[PDB]
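Novice: Residue-level listing of the chains:
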Amino acid sequence: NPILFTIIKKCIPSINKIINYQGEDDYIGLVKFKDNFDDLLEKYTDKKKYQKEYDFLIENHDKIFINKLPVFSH
Amino acid sequence: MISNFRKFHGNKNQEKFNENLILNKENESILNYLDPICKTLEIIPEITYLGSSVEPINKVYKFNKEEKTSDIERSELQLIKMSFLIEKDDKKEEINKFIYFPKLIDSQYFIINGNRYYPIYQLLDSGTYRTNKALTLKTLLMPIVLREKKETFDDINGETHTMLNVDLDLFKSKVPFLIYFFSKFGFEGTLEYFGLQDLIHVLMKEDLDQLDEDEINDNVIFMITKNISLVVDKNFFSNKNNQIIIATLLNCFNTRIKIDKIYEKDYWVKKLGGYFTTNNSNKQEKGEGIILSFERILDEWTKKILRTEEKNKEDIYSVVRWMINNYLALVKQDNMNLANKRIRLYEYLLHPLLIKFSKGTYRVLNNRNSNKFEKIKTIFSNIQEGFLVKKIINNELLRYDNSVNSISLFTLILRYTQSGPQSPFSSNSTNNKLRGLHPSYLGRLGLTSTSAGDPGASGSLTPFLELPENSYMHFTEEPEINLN
Amino acid sequence: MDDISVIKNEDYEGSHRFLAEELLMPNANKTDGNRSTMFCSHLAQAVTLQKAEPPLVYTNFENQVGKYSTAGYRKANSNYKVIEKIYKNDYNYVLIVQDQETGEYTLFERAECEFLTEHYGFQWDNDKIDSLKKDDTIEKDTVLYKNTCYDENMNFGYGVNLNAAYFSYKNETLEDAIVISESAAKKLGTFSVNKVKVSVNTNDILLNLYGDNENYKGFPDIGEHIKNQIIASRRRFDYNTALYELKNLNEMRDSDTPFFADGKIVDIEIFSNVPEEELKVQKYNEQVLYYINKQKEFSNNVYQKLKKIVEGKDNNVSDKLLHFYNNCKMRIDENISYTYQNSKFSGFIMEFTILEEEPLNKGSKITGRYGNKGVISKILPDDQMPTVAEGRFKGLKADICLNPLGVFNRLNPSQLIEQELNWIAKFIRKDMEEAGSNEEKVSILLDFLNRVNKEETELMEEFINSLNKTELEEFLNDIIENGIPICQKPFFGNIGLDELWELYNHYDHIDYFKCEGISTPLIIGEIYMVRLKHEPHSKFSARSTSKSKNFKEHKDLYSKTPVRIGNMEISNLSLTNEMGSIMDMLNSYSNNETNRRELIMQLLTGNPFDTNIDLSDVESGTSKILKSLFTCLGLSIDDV
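Protein chains in written order, with the entry's author numbering: chain f, 69 to 90, 107 to 158; chain c, 1 to 484; chain C, 1 to 546, 556 to 649.
Some hints could be false.
If we take Cβ atoms under 7 Å as the criterion, some of the chain c residues that face chain f in the derived model are [what the hints assert, rightly or not]:
hint : residue
1    : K359
2    : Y362
3    : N367
No lab work stands behind these hints, which were simulated from the structure alone.
Even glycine gets a Cβ: it sits at the ideal position worked out from N, Cα and C.
Next comes chain f alone, as it looks inside the complex:
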């Protein structure tokens, strides 16, 4: 989700590395990240700093993944 990328980035620092293919799960891939997102989110969290962000991600599980991209009027 484009709007939530920064929120995901703070929780999961390896998001930039993981999506591309070149930690233990470094550079796994986007589809692999999508399947294992729950494992990765729990793996990469700050107990005090990013607890609020983690709760928001729990609230919006359905909106994390985007299948349709809007295009505004010409």
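Chain f is already provided as a structure; the job is to place chains c and C on it using the hints.
Specialist: Relative to the frame of chain f, chains c and C by itself:
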């Protein structure tokens, strides 16, 4: 011949291994740990947990014309059923959830994804574990933590005393312990629960003025407000833990109060809510919700594990009372004494289900006010069939059979590890003391059995170790400090 | 905690409850904690021995360790009756049995080897289960198959007893080094079992390494050993349509992928995703077809035999039987697409199970129960080892010789006590053999044991009086020739300085052995010895210019992992003060491709016995890429 004599001597040894310890893996039941994890869901009014049963997968394969994919690597698995009943005004539906869980083979190991994995016991602290400025009791959901601070306090005479104030570190806030009690019991009710009603009294300023001066020097008195005064008995004052209680009360009372507001429970509910929320008008709702969560803190499993008189384990309030009354003693307890520790095996195997369930509870309760039935169905639906198996393997709680030998009694069967998913033991923490030996280890743990790579992390259990029955795999029936 | 006053010896007296792994170590009170922890590590590192023996000096808990370590033996858990026996291979088979109480139908599996991990495994004594035939009852506690560790009466042994002498053998026994007799090394033998997967896709074919022109066999058969350490080699083809490469069967090339192991293959499991008719046309698949057919024949055979039991309404089947039946049924069933690593694969995947008798070789590490370590420096003929002469014990040869220097420094005195006890026991045995009736023999035996262990003496008196005269004579002969059991409990019941002193004073005839060519008299006594997992093969690396993981996947004979040169190494080399030669070695061996090519070419084109290499001065490829990219960056080096 010689072989017959050797067998004869072996049978006549008179020193015999504890078969129940060696075979405890078989005699441990998943349901005992599964039931509380499922009952954590019961916080939702619609969801009521009916039961759980572990059943063998018993399906005969039948030829399918359609394409079928079978993996070369094989896993021997069993099915666990969790049955719940959703009853609400909307409808009434029964949800039965099926989860794959590894099955024991040959009484001590698992076979998953074509590999031989052995479960090993974990060494953990039983409860009331000491921490810097804090005493903590571990619970399934939110650990109950008592945090301490040192503050100055002034007597009616002008005498200055330094005292310790204990605040519950809960729900992401440090809230004085007594107001939690006031919110449910009431001020007089809280004093009655602690039994301090007669010893400690609250009087008005004029009552203080008319009161005998000699009693004032005999019994310490503190100035809550210009119009409100608190008098404490001297013998009560002598005990430092009682001083902890009194200091918490002094922190509870700000000067801008009236005697009528002290005797009103809703004032304390409002203060409890006020700690958590910035808005001052919703204080009551937040406070009552906090009381409910406080009651949710204690679970049946922690009550069963806890080793104190049942009167102290009845509810969260009893546990907090027991901890505060014995705070000084409990902080001074040895971390490594095996009396204060236990070994667990199946608990961490079922623990990930608690995380999944808790995510579901947060989703239904907090995400939206939309129709609950589909959402609570999603909680069970969101969990995949192999969630437990995949988490057990990928999180590497389990151990591969790297054995080069048929000798398994100490290498795998009776092996314990302090290191774990939730481990007090860490390399960065420099737990050099934890790596060492303690006199309690004799007769229970192996003094010389450890790995050079990570000394003290893993060891071998004694073949003759007797874990007391009815103590839930605790080395001792009672903790280190008698408290009687 | 700081306080040790809580520990009181009277509380733990007579009990070995505080001991764990050290229950297998005699005289553990006399051994240091460091040596004990090393022993605990060694027991897990110990490898199975074909000719394992119960220790001569024993702690009496060994059998219990064998009992509760279930990986080594299979015990029936109920009374059973053999319904039928089905064969997949000569070595591998299944036995279907019925519970005599429940009526449940279960199965027992027989195979030659047990695979643990990597190369580690052990062979099975399958005598009892092989004896069982249809309509034969299996009693409740019968042991169907056992490991080499367990004996006829299920006594447990993790090592062999070897005659040892502390002797300085031509400085070969330097530090922790050992010289062994060839016969003795024959006793310390291990198994190695490997499961190797060769994957052949549609375009891959297997070369006729094991077959002639008339009969195409590309890999070994179930009863045939591997030759030249090559199981099979696969050649990948761009298009398999032509089939013009039929003439290429015998030859091999570098491109071909070779799979390496040595031993007798004992089981083949083939997972095929290709239709049978497509496979049948090509002759090069012929061998594979046979085993494929065999697998199907096995699977179908179980399906027909058990279909009534499994698919009948009663369904009194164990979960193991149900899953075995379902897997075989899946195999015979069509539209079974096999997936490996969650992906459908072309062609077929073959797993070979290979069992090899691995003997003791130089560099192997052997130890005793007291934390000492030893490396086999030399294996020598029995005649070359110290042999005592001109005595009642004349011609006795020492199986192993251990370093005498520094023995007390190790802080593990107990090995010496084991040696002394078995040496004094030799004299007791010769005394029994030399003269007397059976009664005299038992009297000498009981007196010696009374000197060593009273409990053993009492129990031996009971056991002996129980025996019949023929049985008593047989037992006495066993003691005379094979050895005498001596019990040295870990903490309570072992002998000490005073007890050995009394033993030596009473037995005045017992004195050091005078060996053939040795001025110093020597003591030769049996010590229990164990074989450790370490062998040099684990860390061997050798590389020649053209991790890859091929070695782990069995595609390379040995690791070719390069050695790393760092600043420390460069400084130690710079001690020579000839930096140019160091840079030349670095460029020729690694950094510079042109110089590396020159070195290889000159080595193969120059004189074999005179090698002088001239290397061109050129910028390395990394340097060229660096200059190109930096110029695009807008910065250029000025040779600062």
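Novice: If a hint holds in the structure, say so; if it does not, say that too.
Specialist: Checked hints:
{"no.": "1", "hint": "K359", "verdict": "holds, 6 Å"}
{"no.": "2", "hint": "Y362", "verdict": "holds, 5 Å"}
{"no.": "3", "hint": "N367", "verdict": "holds, 5 Å"}
Violated hints for the displayed structure: none, as all numbered hints are satisfied.
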